[PDB]
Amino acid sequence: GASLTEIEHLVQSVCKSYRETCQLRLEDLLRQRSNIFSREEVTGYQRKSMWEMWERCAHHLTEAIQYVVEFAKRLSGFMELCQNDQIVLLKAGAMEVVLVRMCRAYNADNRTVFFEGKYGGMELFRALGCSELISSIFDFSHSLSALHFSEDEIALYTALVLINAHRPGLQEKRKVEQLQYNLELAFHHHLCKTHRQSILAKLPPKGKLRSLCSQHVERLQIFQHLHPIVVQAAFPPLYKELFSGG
C-alpha cells in the first residue's frame, strides 16, 4: 500500500539503479554514430567462421547480461525476494532487458548497431547463419527506437520487464506481484508527470519479448548441435547457465 511520496522515491531509485548499471553512457553511443565499419571490415566479419562469430556474440551478450544482473541487485525490493525467485526472474528476464537496452545502441537513421567498437548493419552478422533471428532483433530495435525513449523511461520499463510476477517457478508469487504493482505505478506516474502516457499503447506485448528469447535459444541449439565442443570449451559459463541449462 504505497503512497505518492513513496512512488516518487521509487522513480528516482530505479532511474539511479539504471544509470549506475549502464554498460555504455547514451552520450558515448550517440557520439560514436559516424564511426561505421568500412566495406572491407564488413567483408572481414562475413568471412569469419560461424563458430568464431557465435563465440564473439555470446561473449558480447554475456557482458551485457552481467550489467543486467547488477541492475537487478540494485533494484529496490529485488534482493528482498528469495534466491530461487531472484534466479527465476533473471533467467527469464535478463535477455529481455538486454534486448530492450539494445535500442540505445541502434541507429534508426542508417539501421546499424554498435558492436565491437563501431556501427555495423545486419549484414555484419551473416556468418552466424541465423538471418531470421538477426533481422527480428533489428526490426524490434527499430520499432523501439521510434518511441524515442528517454533514459528514465528505459530504466522504469526495464525494471518492469524484469519484475514479472507471471514467470513460471516463482515461490513468493504475491511478493513479486506487489513489487511489480509498485514499479508499474512508478512507471505510469512518471509517464503521467512528463505527458508521455501515449507510449503505453506503443510498447511491445510481452509475447514479442518471449518470441525473441525463444528464437535465440532455438538458434543456439542448432549451433550447439553443429559445434558442441565450441559451446562446451569456448562459450562463457554465465551464457550456458542462462541458455543451455548449465
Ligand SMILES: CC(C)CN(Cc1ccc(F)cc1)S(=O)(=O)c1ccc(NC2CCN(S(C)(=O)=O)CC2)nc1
Contents of the next structure:
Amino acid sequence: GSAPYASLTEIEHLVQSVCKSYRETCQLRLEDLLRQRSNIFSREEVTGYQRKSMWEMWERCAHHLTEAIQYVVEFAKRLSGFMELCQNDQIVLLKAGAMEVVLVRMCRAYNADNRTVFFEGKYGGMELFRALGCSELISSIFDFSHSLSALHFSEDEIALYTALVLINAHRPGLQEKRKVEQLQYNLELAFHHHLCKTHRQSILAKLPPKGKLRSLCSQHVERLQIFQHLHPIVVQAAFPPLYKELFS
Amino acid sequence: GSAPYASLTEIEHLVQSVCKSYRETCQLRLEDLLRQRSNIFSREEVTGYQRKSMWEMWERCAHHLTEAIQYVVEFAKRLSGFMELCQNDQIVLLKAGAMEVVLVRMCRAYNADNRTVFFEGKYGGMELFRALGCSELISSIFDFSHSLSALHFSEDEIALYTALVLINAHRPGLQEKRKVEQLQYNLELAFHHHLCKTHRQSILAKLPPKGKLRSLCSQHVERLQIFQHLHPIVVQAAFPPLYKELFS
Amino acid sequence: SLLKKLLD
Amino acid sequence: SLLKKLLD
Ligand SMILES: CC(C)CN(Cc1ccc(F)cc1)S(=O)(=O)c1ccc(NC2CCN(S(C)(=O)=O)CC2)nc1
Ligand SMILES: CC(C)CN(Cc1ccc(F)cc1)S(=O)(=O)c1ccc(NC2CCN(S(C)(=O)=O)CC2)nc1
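After the form deposited without the ligand, can we look at the form solved in complex with the ligand?
Now the complete complex, all chains and molecules, led by this one.
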C-alpha cells in the first residue's frame, strides 16, 4: 500500500493481503490454542515453576519471546509494502514495534474463563511466573491481555490491527517517513473498510490508548535490566542474541 | 476538504457536509415531485406543447436548464473544498460539470413507471418536447434518467454522487490538477464510507459508464448550435447569458 | 465571464 | 545487526 489514492478495489485487496500475511505467520493456529485450554498445569507443576531459579525462568521466557518475535519479523516481511521500505526504516519499525505486536498477539493465548495463559504447552495463571521477580509487570501483562480479550477480536481484526501497530509513521528515526505515512494510511483504510463491512467500527474507540503498549515495553526493558544486574553472565552466555539486541 | 490523509472522523464529517450542501441547493423538494406524479398532462395539453414553435420551446427549455444550473453553482460554492480551488479550476469544473450534475439531479423528477418527467407543473412523456427538433437526444436523456432511476438513489446518495460528478480531476484545462485529485479522492472516500455503512456499495458497478454524461452534454451543445444557426437572433435576444456562455 | 461573476 | 540479517 505504498501508492497514493488507493481505489476501493485496491483497499479490498489490501485487506485480504494483510489477513493472508497474518494467517501464514500467526505462529499458533487459534484452533490449537482453544483445544489445549483443557491442558492445564497441575498444582505440583506450578510449585515446580515457582521453585525455579530466577535465571532459568528468565531464560525460558526470553526464548519464548524471541520465538514470537521471529514470527512477527516474518509477518513484517510478508506485509504489503514493508519490504519496499528502506532497510533503515524496516529496522526502526521492528525494533520499536515487534514486542508491541507480540503483546497484542498474546491475547489469543489468554483464557478469560480461568484467567490463564498458554505457556510451554499448557495453561497457567500469573502465579506460574513468580520466579521472575517482576510480578507487577506480569500482572500488567495479564490485565492487558484481559482488556484485549474483552474486545473479542476476530483473527482478521488482529491481522489488520497488528499491521498498524507495526506500520507507525511516528516512530523516531525513519528516513523515508512519507512512504511510511502513505503505507500506514492505506492500512488504516483497509482496517476501517473491514470494520465497516462487519459493523465493528465501534471497537476503534476501545483500542489500547496511546502509550499503553509503550509502557509495557518500557517496563519489560526495565525488569530485564534489573535481572541483568543480578545475573550479568547468563544473558550474554545463554539468552538469544536477538533478544539481547532488542532489549539490552 | 483538500487535506491529505483524511481521518475516519474527517471522512464522516465530509459525508454530513456534502449532504448538507446538497439539501440546501437541491432546488425542488423530493416529496413535492413524488406527490405530483399523478398529475399528468392531458392529450390536449401535450398537443399544445407540440404545436409550439421551435424557438419558443428552446427558449423555455434554456430558461429551465439555466435555473437548474444556478442551483448547481450554489451547490459548488457550498461544497467543501471547492472555493479553495483556484478560480480558473472552479470555472473549468463548473463549465464542464454543471450540465452533468443537472442531468443526474433530473432523475428525481423522472417516473420510471410511465416514462414521464416533471415539466412546467405536470408530468409528460418525451413527446412533449417534439417541437425542439432533437428527438434522438430527448429519447437518450429519458433513457439516462431511467437508468439512474433504476438505482433508486437516496437523496444522500445523490448528494455524494453529484459531488463527484462536479469534482472531476480529469477535466481538461485544470491548472492545479493535484488539488482536484485530492478533493476528488476525499469525496470518493466519503461516498464509499456511506455506501459501505448502508450496504449499498452494489450501486458503484451500476453507475453511468465512462463517456455517457460526456455524450449527452456534447449532443446538447450540438443541437443548440443547430437551433442557433436556424434562429440566431432568438438566442442573442432572449436566452439566458449564462446559458449562452456555457453552451454556445 | 458570468461564472466568474457568480463565483466571486 | 541481527535484525538486519533476518530482513535480507
Ligand atoms: C505471557 C506473559 C505473562 C509472560 N511472557 C511474556 C513476558 C515475560 C517476561 C517479561 F518481562 C515480559 C513479557 S512469556 O515469556 O511467558 C511468553 C512468551 C511468549 C509466549 N507465546 C505463546 C503464547 C502466544 N502465541 S501465539 C502468537 O501463537 O498466540 C505463541 C505461544 N507466551 C508466553
Ligand atoms: C428531460 C429533458 C428533456 C428536460 N429538458 C432538458 C433539455 C432540453 C433540451 C436539450 F437540448 C437538452 C436537455 S428541459 O429543458 O425540459 C428541463 C430542464 C430542467 C428541468 N428541471 C426540472 C426537473 C428537475 N428538477 S430538480 C433539480 O428539482 O429535481 C428541477 C425542475 N426539467 C426539464
